[PDB]
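Q: This is what each chain is made of:
2 protein chains.
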Amino acid sequence: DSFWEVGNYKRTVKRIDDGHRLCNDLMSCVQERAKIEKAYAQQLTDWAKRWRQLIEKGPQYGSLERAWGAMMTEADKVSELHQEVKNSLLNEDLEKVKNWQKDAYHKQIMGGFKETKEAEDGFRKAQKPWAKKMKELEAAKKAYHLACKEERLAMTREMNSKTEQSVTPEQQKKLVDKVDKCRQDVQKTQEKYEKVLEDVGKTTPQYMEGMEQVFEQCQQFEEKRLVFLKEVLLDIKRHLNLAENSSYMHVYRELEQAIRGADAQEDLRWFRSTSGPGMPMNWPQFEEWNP
Amino acid sequence: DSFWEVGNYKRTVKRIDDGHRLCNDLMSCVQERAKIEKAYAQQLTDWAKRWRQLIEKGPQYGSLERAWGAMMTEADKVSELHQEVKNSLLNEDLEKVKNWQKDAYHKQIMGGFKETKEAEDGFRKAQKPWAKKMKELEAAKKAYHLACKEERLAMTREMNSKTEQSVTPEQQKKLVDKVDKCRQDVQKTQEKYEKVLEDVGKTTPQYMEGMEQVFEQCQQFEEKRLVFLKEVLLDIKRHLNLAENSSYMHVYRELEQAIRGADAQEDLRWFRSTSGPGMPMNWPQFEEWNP
Numbered sequence: 019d020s021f022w023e024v025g026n027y028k029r030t031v032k033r034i035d036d037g038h039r040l041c042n043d044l045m046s047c048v049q050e051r052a053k054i055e056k057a058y059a060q061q062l063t064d065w066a067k068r069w070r071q072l073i074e075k076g077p078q079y080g081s082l083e084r085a086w087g088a089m090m091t092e093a094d095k096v097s098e099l100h101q102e103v104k105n106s107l108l109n110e111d112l113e114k115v116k117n118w119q120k121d122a123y124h125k126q127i128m129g130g131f132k133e134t135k136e137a138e139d140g141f142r143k144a145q146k147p148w149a150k151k152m153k154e155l156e157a158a159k160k161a162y163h164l165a166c167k168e169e170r171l172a173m174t175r176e177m178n179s180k181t182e183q184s185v186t187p188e189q190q191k192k193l194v195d196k197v198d199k200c201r202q203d204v205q206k207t208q209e210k211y212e213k214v215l216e217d218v219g220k221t222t223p224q225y226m227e228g229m230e231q232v233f234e235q236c237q238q239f240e241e242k243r244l245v246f247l248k249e250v251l252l253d254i255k256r257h258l259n260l261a262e263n264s265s266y267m268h269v270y271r272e273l274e275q276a277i278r279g280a281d282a283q284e285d286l287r288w289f290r291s292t293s294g295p296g297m298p299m300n301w302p303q304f305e306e307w308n309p
Numbered sequence: 019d020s021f022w023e024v025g026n027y028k029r030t031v032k033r034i035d036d037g038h039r040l041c042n043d044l045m046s047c048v049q050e051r052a053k054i055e056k057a058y059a060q061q062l063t064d065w066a067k068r069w070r071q072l073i074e075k076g077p078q079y080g081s082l083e084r085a086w087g088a089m090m091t092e093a094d095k096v097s098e099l100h101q102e103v104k105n106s107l108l109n110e111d112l113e114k115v116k117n118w119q120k121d122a123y124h125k126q127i128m129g130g131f132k133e134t135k136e137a138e139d140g141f142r143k144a145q146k147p148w149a150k151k152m153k154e155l156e157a158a159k160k161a162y163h164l165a166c167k168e169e170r171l172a173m174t175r176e177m178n179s180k181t182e183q184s185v186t187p188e189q190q191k192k193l194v195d196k197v198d199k200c201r202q203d204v205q206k207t208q209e210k211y212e213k214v215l216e217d218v219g220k221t222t223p224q225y226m227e228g229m230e231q232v233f234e235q236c237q238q239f240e241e242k243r244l245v246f247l248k249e250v251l252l253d254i255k256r257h258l259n260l261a262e263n264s265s266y267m268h269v270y271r272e273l274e275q276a277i278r279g280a281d282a283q284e285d286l287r288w289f290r291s292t293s294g295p296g297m298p299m300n301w302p303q304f305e306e307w308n309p
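Keeping their order, the protein sequence lines are chains A and B.
First residue of the first sequence? That's 19 in my numbering, and the numbers climb one at a time after it.
First residue of the second sequence? That's 19 in my numbering, and the numbers climb one at a time after it.
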C-alpha cells in the first residue's frame, strides 16, 4: 500500500489540488471573522450613539454627565479599532491569499489545474515501464503457479498406474507419460517468470529515481505554499491584536482620566448658584402709580 | 424666577426623584452593554468551535494545521474575557447600584419616595409664612394702587367745577368734595401697604435661613449619590478594560509563538515518509507453490 505501488502516487496529486483548496478555506475563515468583528463594532456604535442622547437629554447635569459620557466615546473608539481590524483583515490579508492563489495556480478551462495535471502526468510517465512490467510479472506468476500445480497433483494420478494394474502402456497412454511434458511445461513457464523477474529488478532504479523527480517538484510547490501560509497567519495575528497599537490602551486611560475629572462639590455648587439659594432675587420693596 | 420665589423650590425636589431615576438609567446602561459584550463572545465561540472542525477534518496536515488551529483557541480565550466582563458587569457592578438605590431611597406605598416627600415638606413649611405674607403684600399693593388711581384722575373732574360754572355747592355736592375722602382713602390704604411691606423685610431672614436648612440637606443627599456614582463608573471602567489583566496580552503571545512553531520542512518531510517515496515497500522477488 506504499507510494511504490501500481497507482498510489495519487495522494501527492490530491495534495496539490487541496493546496488551492486550503487557500479558499482560509479566505472564508478571515471573512467569517471580519463579519463577527464588525458585529461588535456596530453594536458598540449602537450603545454609544444611543446612550449619548439619553444622557445628554437630562436629568444628569454637570461633571458626572461628562464622566458618564466618557463611556459613550470609549465604545466609539473601541468600535473604531474593530472596524480597522476588519478593514485590515479583508483589504490587506484576504487579498493576499486571493492574489497568491491566482499567481501560483493556473486554470485550465479543459481540466482542473495545470499544476495538478502536469505533476500527475510526470508521475504517470515515470510509472509507464513499471506499470507494464508489473502486469507481465503477474501473468508470468500465474502462468508458472498454475502450470506447476498440475505436475504435483497430476503425478498423484501417475502413481496410480502401479496400484490396481495398468500393466501394458495400452492403458498407460498418458496415464504416466503426461508428467513428461507437464513437468517441462512447469519448467519452461518458470523461466519466463524468472526472466521478467530480472527485468523488474534491473529497471527498479529507473522507476525510483524517475518518481522522486516529480515528487521533489511537488515538495518545492508545497513548501512555497506553507512558507506563504505561515506568513499570512502571522499577519492575521498582528491585525487581530488590539494590544499592538497603544491606541487601545490609550482609550481606557482617557476614560479613567475623564471619570476622575468628576468633582461632586462643583456639581453641587453649580446647581445651588444656577437653580437654588445662590440665585439672585429682587426682594419686594415699593412700587408707585405709573401710568 | 429665582429659588427665592413663591414656589420655585420644586426643582430641588425634582432632583431627588431624578436621583433615584438615574440609578435606573445606569443599570439599564450596563445591561445593554453586557448583552452587546456577550454578543461578541458567543460569535467568537461560533467561529472558533466551527472552524476547529473544518480544519481538523482534513485537508490541512501537520504543523501549519496547529498554527491555524491556534486561531480557534485565541477566539475562545478572547471570548472568555468578554464573558468575564459580562459576568463582572452584571453580578458585581449592576447589583451595587441596585443595592444602593434600595438602601438610600425608601418607598412610600402611598406616595413617591420618603426622601422626595420629606424634603418637599420642609421647604414648604419654611415657605409657609412667606407664602401668606406675599399674598397680603399683593392685596395691599392693589388696594393702594387702585384707590390711588382715583384721586389723580378724579381730581381732573374736581377742577371742572371752575370751567363751566357750578357756582353754589348745590351742584358741587361731591363734584369737588369727593377728593376729600378719596385722598384719605389713598393715604389710609398706603399705610397697610407700608405696614405689610415692613413685616416682609423683618421676616426675610427667617424665610432664608429656613430654606437653606432643607436645601443643605438636599446637597448632603445629592453628594452622597455623586460620590457613589463616580465610584461605580470607575469600577465599570476597570471591568470594561481587557488591557488590565495581562491574560489578554498573553493570548496574542501564544498565537505568535504557536504560529512560529510552524516548520514547513518538517511537514514536507513527514508527508514524504508517511505517504510518499519514504514509504517502505516489498519489492517483487519470488513466490513458490503453497498450498
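In short, the hints are calculated from the structure, not lab data.
Honestly, I wouldn't trust all of these hints.
[Unchecked claim] Pairs of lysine-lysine, DSS-like flavour, derived with a Cα cap of 30 Å:
| id | chain 1 | residue 1 | chain 2 | residue 2 |
| --- | --- | --- | --- | --- |
| 1 | A | 67 | B | 248 |
| 2 | B | 114 | A | 95 |
| 3 | A | 125 | B | 56 |
| 4 | A | 28 | A | 206 |
| 5 | A | 135 | B | 167 |
| 6 | B | 56 | A | 75 |
| 7 | B | 196 | A | 75 |
| 8 | B | 150 | A | 75 |
| 9 | B | 75 | A | 120 |
| 10 | B | 53 | A | 75 |
| 11 | A | 67 | B | 95 |
| 12 | A | 248 | B | 150 |
| 13 | B | 160 | B | 114 |
| 14 | B | 114 | A | 242 |
| 15 | B | 95 | B | 150 |
| 16 | A | 114 | A | 248 |
Q: Of all the hints given earlier, name the ones this structure violates by number, lowest first.
A: Hints 3, 4, 5, 7, 8, 12, 13, 14 and 15 contradicted; others consistent.
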